[PDB]
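Start from the sequences and build out the full structure, keeping to the hints where you can.
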Amino acid sequence: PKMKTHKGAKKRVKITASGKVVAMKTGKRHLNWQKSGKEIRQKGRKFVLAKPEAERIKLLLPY
Amino acid sequence: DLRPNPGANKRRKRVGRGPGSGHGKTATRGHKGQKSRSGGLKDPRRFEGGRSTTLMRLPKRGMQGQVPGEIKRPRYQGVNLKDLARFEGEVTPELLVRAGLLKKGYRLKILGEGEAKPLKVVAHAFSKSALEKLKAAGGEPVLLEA
Amino acid sequence: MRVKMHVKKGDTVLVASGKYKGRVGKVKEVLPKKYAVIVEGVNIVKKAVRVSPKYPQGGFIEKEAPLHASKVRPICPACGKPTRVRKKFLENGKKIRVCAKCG
Amino acid sequence: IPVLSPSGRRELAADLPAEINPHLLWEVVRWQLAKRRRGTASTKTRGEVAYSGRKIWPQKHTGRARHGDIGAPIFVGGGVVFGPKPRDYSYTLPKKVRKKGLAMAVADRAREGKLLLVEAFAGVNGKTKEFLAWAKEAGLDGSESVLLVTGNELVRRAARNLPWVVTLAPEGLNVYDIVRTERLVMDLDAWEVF
RNA sequence: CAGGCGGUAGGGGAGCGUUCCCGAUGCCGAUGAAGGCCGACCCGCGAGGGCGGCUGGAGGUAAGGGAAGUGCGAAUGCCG
RNA sequence: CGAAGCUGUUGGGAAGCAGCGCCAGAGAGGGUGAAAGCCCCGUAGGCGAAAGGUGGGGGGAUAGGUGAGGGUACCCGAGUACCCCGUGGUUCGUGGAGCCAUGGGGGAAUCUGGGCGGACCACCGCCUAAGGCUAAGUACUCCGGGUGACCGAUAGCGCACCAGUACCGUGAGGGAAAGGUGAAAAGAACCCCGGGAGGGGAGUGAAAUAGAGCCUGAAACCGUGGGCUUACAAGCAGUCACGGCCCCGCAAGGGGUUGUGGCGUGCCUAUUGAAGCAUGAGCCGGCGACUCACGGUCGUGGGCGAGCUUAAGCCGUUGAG
RNA sequence: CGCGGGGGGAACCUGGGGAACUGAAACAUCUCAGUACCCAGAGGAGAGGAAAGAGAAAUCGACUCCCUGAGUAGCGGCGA
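Protein sequence lines, in the order shown, are assigned to chains C, R, L and W. Take the first sequence: its position 38, counting from 1, is numbered 40 in my numbering, and each next residue is one higher. Take the second sequence: its position 3, counting from 1, is numbered 17 in my numbering, and each next residue is one higher. Take the third sequence: its position 19, counting from 1, is numbered 3 in my numbering, and each next residue is one higher. Take the fourth sequence: its position 98, counting from 1, is numbered 99 in my numbering, and each next residue is one higher.
Bear in mind the hints are in silico, worked out from the structure with no lab data behind them. The beta-carbon is built from N, C-alpha and C at its ideal position, and this holds for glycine as well. Don't take every hint at face value.
Stated by the list, open to error - Below, simulated DSS-like cross-link-like pairs (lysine-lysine); rule was C-alpha separation at most 30 Å, straight line:
hint, chain 1, residue 1, chain 2, residue 2
1, R, 46, C, 60
2, C, 53, R, 74
3, R, 142, C, 13
4, W, 45, C, 4
5, L, 78, L, 65
6, R, 96, W, 97
7, L, 38, L, 10
8, L, 78, L, 10
9, C, 53, R, 49
10, C, 60, R, 56
11, W, 86, C, 6
To be verified - Which bits of chain C does chain R cover? Going by a derived footprint, with three or more residues having C-beta under 8 Å, they are:
hint, region
12, 9 to 21
13, 26 to 39
14, 54 to 64
What the hints assert, rightly or not - Listed next, with one range per pair, are the computed distances between beta-carbon atoms:
hint, chain 1, residue 1, chain 2, residue 2, range
15, R, 19, W, 67, 48 to 54 Å
16, W, 93, R, 47, 20 to 26 Å
17, W, 66, R, 26, 27 to 33 Å
18, W, 93, L, 65, 52 to 58 Å
19, C, 9, W, 17, 54 to 60 Å
So this is what it looks like as structure tokens:
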């Protein structure tokens, strides 16, 4: 029984009040692009449009 | 009283289940062309994904996952007035928190939004908001230091 | 269960559990509770023997076990058997009585 | 309630204004009742169950019928499923209801004929008969049933066989059986519980 | 009164049939519980429910709802 | 030790009933010739346990354990710790990994010394390793018990019947079937069939569709014997139809069967795709499969309702609390 | 001479030895598991046990069992 929620997932994400499955994304990990040129910059967070639902659950004991 | 056919109070339904039968819709399951029913049938905890479930991500929030301990710091407790401007007699925690509701808070912080009776209440740290609501129009105390 | 029912002949006493009238005791065992005392008329037809009065067909009997009887104590009804403090026999006794010290 | 010395007793203030929550009342109460009753039986099979001959027959061919696991949950002596489980499940509630319930109930059961000297005599308080002697000298007789709370071994080691009636003493609460009954009496409002 | 009505899986509405609970120091019950063979009446759309006859040989559980190892043609299944 | 009415009329038989009399701190349960508090066994209860012996608390308790401070002034569990490698445990898989035992060599010191607050230095804190003994509150079961919305003898316990046997094995091993006359055997007397066997009568017998693979006794499989059908005849067969052909209703009809005529590709599992010689289908009965624990999480009658909810115990609970 | 003691005992002890399947929808770390299971003394108990403790608090004060903390800290191809 018990169900000891999973740390990792919780190591990043969060439900902003509204119950919205929101958190960080993946990208500008210190360029990993190179090109002195320009771009990297662009970054931020984002919900999930169909999985999000699922996730939140395995964290109903830990919060 | 009596046993005047005390059925129930409207809505409930033990809606049990059952084995097999030939009545109504009895006998079936719903799926097919989707194998997954096993002795230890999946479970089923989320499972599936068939696409890492969009777990191509990665963690950045680095401040935990260390090992023995976590971060140790005496309690952090603020507040709001529109909670008990009711009684005061002497607004001091323990009398509150320790009562009505609210849990431990080593160091005291205060705010919220609404109004109240500017009366001296434990303040191991407060907000300018209260200052004015408890200065030339109120009463505020001091912190620990022991 | 256990071995606890009645006693010996003397008079015992037949009753009407579907038989009627009253008579003296005879013999009695407790295991299944079975015994005897004439009256109860029952005849067990013997087998192809002869040694005895002759071949097959039996004779008279008796038959019962559980409760269904009483004891002697003429005129009025009957009671039990009290104890002894400073009377006749030491501090023991009992031989079926009316309600005083007899039968 | 007496008619000897003391004479007079009235109540209902408790909450006459409402009194209309029968639904939930009876309901849940019914629930815990089921609990108490001991329900101890077992379930058997799981993997092994009986330390079977451990694996046996062939395959492909076999007695035509398929098989490998000597658990043979097919006969009247083999494994099956978990029907019972000594786990008669331990569910329950509080006193925040161990109250309200009988409240509204008896009120209407006062429209029946409650009363309750809160403490009455009868005689030897140890001789059954005489107790009832105050049953008649009061106005009761085996028919419409009732109960009562007598916190004293006295009438307890007395009331002995209380058919159609109560014969309590300690405190546990038995509303239900009162359902099949009616009238009653108390041992101080305090005994009920402040 | 317009309407709807075939319709695999699926997903609703109930209802029904099926063994312990109190009711059971209540109630039928040997002018019969229970099994049954029979029923070509009544009630159930059904679920069934009856409902009464003859064989039948010792108990049953009311309204109610409270609990569910069943609602099993079969798997060359277990067994007899 | 204990608690307290019967009675006749009918009834196999009466735990059937009226008219009513009854002990009841005791109307638990098993029960004695048909649905019994006052009837065999008990149940409030309170008597008392031994001689035998015998498990120990309380009591007493015996030998065997129990002052304070001040300066002199040396002295204490070693191949031991602490290093070291390979370590295991620790949540700790090398990782910034201490401390525990460390297997391997190193390898001291004993209080103005000595270990830990998870690296190497510096402040501060509780303890003192390398002797061993130590109850209580902890687990547990063949049975004793009880009870047990515990099963109730194709159950359950393998198993209530002389099984861990028949039996199969070589060992190990492995494993069966198989409860039920009746209130009382009262268990069959006797005489004609007669090979003993296995028959008929009679009797007992409330009951022989009561007698010993006998309880009640269905179902696959059995024809006696009955009734409706049949030798020009083609069929998943059954149906629907007028008709005729034997029981029952005054009538109305109700029937049973079937002639021919019409009508008829079944059934259980798979899939663009079925009836199908694609599988299964011995046959009838009978056994058979998602609770439930715990744990997560949307609804529902609810109550409280910024407020809204206490485990593990302790008195107590027949019970309950 | 003395005892001890081999030998005995349904669970429950202590210790010493100590897997694989399975999970990881492959697999080699990890998992099951220190589980299954072998061998080891004793008791009804057993094992354990009195601080070179905990930890941060002008602190607590033997050891065992339950209460939660906490499924938190954390361990982790930080994957399961």
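Hints, verified against the model:
1. R/46 / C/60: holds (28 Å)
2. C/53 / R/74: Holds, at about 21 Å.
3. R/142 / C/13: Cα-Cα ~35 Å, so violated.
4. W/45 / C/4: Satisfied, since the Cα-Cα distance of roughly 24 Å is no more than 30 Å.
5. L/78 / L/65: This hinted pair holds, its Cα atoms lying about 6 Å apart.
6. R/96 / W/97: holds (29 Å)
7. L/38 / L/10: It holds: about 26 Å lies between the C-alpha atoms, which stays within 30 Å.
8. L/78 / L/10: Within the cut-off at roughly 20 Å; holds.
9. C/53 / R/49: holds (22 Å)
10. C/60 / R/56: holds (16 Å)
11. W/86 / C/6: At roughly 26 Å apart (the allowed maximum being 30 Å), residue 6 of chain C and residue 86 of chain W satisfy the hint.
12. 9 to 21: This one holds; 4 residues, not fewer than the three required, reach chain R with a Cβ under 8 Å.
13. 26 to 39: holds (count 4)
14. 54 to 64: holds (count 3)
15. R/19 / W/67: 48 to 54 Å: Since the Cβ atoms of residue 19 of chain R and residue 67 of chain W sit about 52 Å apart, the hinted range of 48 to 54 Å holds.
16. W/93 / R/47: 20 to 26 Å: violated (47 Å)
17. W/66 / R/26: 27 to 33 Å: violated (45 Å)
18. W/93 / L/65: 52 to 58 Å: holds (56 Å)
19. C/9 / W/17: 54 to 60 Å: holds (57 Å)
Violated hints, listed in ascending order, are 3, 16 and 17; each of the other numbered hints is respected by the structure.
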